[PDB]
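For reference, the chains in residue letters:
Protein chains: 4
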Amino acid sequence: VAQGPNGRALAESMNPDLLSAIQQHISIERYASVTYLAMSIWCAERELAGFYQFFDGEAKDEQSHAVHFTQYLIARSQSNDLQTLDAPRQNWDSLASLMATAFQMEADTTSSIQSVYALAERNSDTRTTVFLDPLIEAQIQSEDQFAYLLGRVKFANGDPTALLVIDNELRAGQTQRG
Amino acid sequence: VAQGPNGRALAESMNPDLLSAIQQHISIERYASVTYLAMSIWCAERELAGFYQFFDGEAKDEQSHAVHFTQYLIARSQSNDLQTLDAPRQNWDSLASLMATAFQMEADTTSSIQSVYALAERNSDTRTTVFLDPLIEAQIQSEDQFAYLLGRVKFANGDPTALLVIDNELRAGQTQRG
Amino acid sequence: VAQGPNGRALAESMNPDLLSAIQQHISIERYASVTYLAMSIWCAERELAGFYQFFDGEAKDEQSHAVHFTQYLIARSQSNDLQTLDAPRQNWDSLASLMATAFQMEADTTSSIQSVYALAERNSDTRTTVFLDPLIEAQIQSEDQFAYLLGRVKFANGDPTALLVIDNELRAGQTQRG
Amino acid sequence: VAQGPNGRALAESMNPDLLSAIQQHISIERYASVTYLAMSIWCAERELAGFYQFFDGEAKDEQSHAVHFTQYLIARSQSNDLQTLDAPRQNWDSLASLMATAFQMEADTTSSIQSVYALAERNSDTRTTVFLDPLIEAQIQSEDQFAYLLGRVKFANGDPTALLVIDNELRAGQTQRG
Ligand SMILES: [Fe+3]
Ligand SMILES: [Fe+3]
Ligand SMILES: [Fe+3]
Ligand SMILES: [Fe+3]
Ligand SMILES: [Fe+3]
Ligand SMILES: [Fe+3]
Ligand SMILES: [Fe+3]
Ligand SMILES: [Fe+3]
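Heads up: the protein sequence lines correspond to chains U, L, A and H, in order. With the entry's author numbering applied, the first sequence covers 5 to 182. With the entry's author numbering applied, the second sequence covers 5 to 182. With the entry's author numbering applied, the third sequence covers 5 to 182. With the entry's author numbering applied, the fourth sequence covers 5 to 182.
Source of the hints: derived by calculation from the structure; they are not laboratory data. A hint or two may mislead.
The list cannot tell twin chains apart, which means a pair is met if one copy fits it or any two copies do.
As the list claims (entries may be wrong) - Cut-off 25 Å, straight-line C-alpha distance, at most; resulting in silico cross-link-like pairs (SDA-like, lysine to any residue): (1) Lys158 to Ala122; (2) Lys158 to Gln108; (3) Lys158 to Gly8; (4) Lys158 to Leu139; (5) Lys158 to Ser81; (6) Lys158 to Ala91; (7) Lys158 to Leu89; (8) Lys158 to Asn10; (9) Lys158 to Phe107; (10) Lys158 to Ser83; (11) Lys158 to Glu147; (12) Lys64 to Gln87; (13) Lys158 to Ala142; (14) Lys158 to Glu125; (15) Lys158 to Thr74; (16) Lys64 to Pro20; (17) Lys158 to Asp112.
From just these sequences and the hints, can you work out the full model?
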């Protein structure tokens, strides 16, 4: 039985370019996590408690996604390589602008997964494409959700009264079209 | 015992003009169903989740009404004739405009039932007028309800803040005067 | 952040040929729905109550599948386009013949999904292939189920006694091999 | 306050032709009752226990309908006039033939109600047309039901095996399309 780069018994070798791309995607997820934390803080600074609670949960969720990817590398007997994590963006002129960055961060996370997926297909790594399938499905619902929040905030058109109403929705757990 | 046009034992013959008018009313109900689906989609596209859920339920309800009419024709030993279904309207400039079309569609559904009712009376088909009575009663409450939603949306006068408040009412199941 | 054709924030553009093919598949599902309704009616006309209840449920299910596809287009920020719906077939010489059309309609629905799937693969739209995966899986079980019902009815060889026995199975919810 | 023909306070006079027609309809219902009893007996004589139980219940139901009409005459301060009740038909060559007579008896009961209804309309007796409305509705479901039983028995085509299967359905309470 062969041993993988992390020392465990190796079911099938992984191409180093695919390994590198998974390790980088873990950084993308970790960066989304600290970005949602930064957004949580911005909302708390403006007394938007519902948005603060929503992004606090999202930061924890993105971190769970990152850890889920580190477990896949363990399961494949590959080495992890936790990287330097850049500082998040921390300043926005409005909630609409924040939510725009939020949506783009979700969409960018999906693009990263898609890039890993395409490289797995090139390498015929069916374990990885299967592993990624439910994660792409969750990204579809997250994109749908962030499009909903962004659009609802844009509909408010900067009226504080409407932003308070939406804030209370989020505090209540009303965060999707349903 | 005579057999009806659909092959079952025939309790009493139905005039072909009344049969034709019932078959056409089934199309009216099916068309209202797909119209409310189109309206559900328009609302979902604008993050008006409460209106989206309301019209999603209304599309299912109108379809149930259509099927209820197909069962009456079976019970009368008459043939059904499911027809080509036109494409619904799908574009509106505002929620007020959508709700206006919605109210008119409900009122037009009642007019169709009334036309069937009058033809049954002309033909002295008491089974059909009796069958239609509870359906007219339900139309009265649906007209009352759609007048309520339309008027409440018109009262909002296009203010996004008020439309969000109404949207949340509908998501909560608050869809009538009560 | 870019806006999609339906007005929502756009996570990733969709090729117009793939959009068109999804919109057409929605029509396929809507057409299967009204076809199963027509079959429900044919069975009710011949007092085959179990088959009537089965196809009544199947018509509702196919419609849910159609709506599920309209939600995916919303989630992708694409426009829906609800189309003219052709009239269903409504006449069969026997239950065996009806069930043959029923099986072919299920298989044809899967072919339509497969065609959408292949075009997504050509376009590298991984969101769409992932979205379609559970729906293909459900089609496998539906094909298995309709093959079971068709074959059981064919085994009956037109004996009314056996068709009554099968009818009672379906009324009892015994609709699959299990 | 005026007194009605039966001695009670009279809310509104009834035309004697309408009174006579209601009194005769009570006889129609009583005759259907003893007819279903005769049918119950014929089925019991041939060990068709499910059909025996079904018609035993139907005889009791028709009698309840008759009594319901006698209560309406009391409520209208009109006299009842319970009439000589003819002997029922008691011999049939087959269950198919019995069920044909059964369906015709139900349809004939509805015709009698319709005749009363038309005379009430001529006399503008809105109390009577309102009173009759739910009874016509119940007749629609009874006609639907007897068409179902008749057609299912005809489908059996005189095969004892299929008639036993249907008999067991009826014993189980499976007496309608559902
Ligand atoms: Fe993530
Ligand atoms: Fe996410
Ligand atoms: Fe309706
Ligand atoms: Fe309605
Ligand atoms: Fe389907
Ligand atoms: Fe299906
Ligand atoms: Fe009766
Ligand atoms: Fe009866």
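Structure-based check of all given hints:
no.: 1; hint: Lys158 to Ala122; in the structure: neither (34 Å within a copy, 36 Å between copies)
no.: 2; hint: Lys158 to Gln108; in the structure: within (15 Å within a copy, 30 Å between copies)
no.: 3; hint: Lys158 to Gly8; in the structure: between (50 Å within a copy, 15 Å between copies)
no.: 4; hint: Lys158 to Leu139; in the structure: neither (28 Å within a copy, 34 Å between copies)
no.: 5; hint: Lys158 to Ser81; in the structure: between (46 Å within a copy, 16 Å between copies)
no.: 6; hint: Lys158 to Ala91; in the structure: neither (27 Å within a copy, 31 Å between copies)
no.: 7; hint: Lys158 to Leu89; in the structure: neither (31 Å within a copy, 33 Å between copies)
no.: 8; hint: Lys158 to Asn10; in the structure: between (48 Å within a copy, 15 Å between copies)
no.: 9; hint: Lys158 to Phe107; in the structure: within (13 Å within a copy, 28 Å between copies)
no.: 10; hint: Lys158 to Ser83; in the structure: between (43 Å within a copy, 20 Å between copies)
no.: 11; hint: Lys158 to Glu147; in the structure: within (16 Å within a copy, 32 Å between copies)
no.: 12; hint: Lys64 to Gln87; in the structure: both (18 Å within a copy, 18 Å between copies)
no.: 13; hint: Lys158 to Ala142; in the structure: within (24 Å within a copy, 38 Å between copies)
no.: 14; hint: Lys158 to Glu125; in the structure: neither (38 Å within a copy, 34 Å between copies)
no.: 15; hint: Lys158 to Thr74; in the structure: between (36 Å within a copy, 23 Å between copies)
no.: 16; hint: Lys64 to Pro20; in the structure: neither (29 Å within a copy, 30 Å between copies)
no.: 17; hint: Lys158 to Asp112; in the structure: within (21 Å within a copy, 35 Å between copies)
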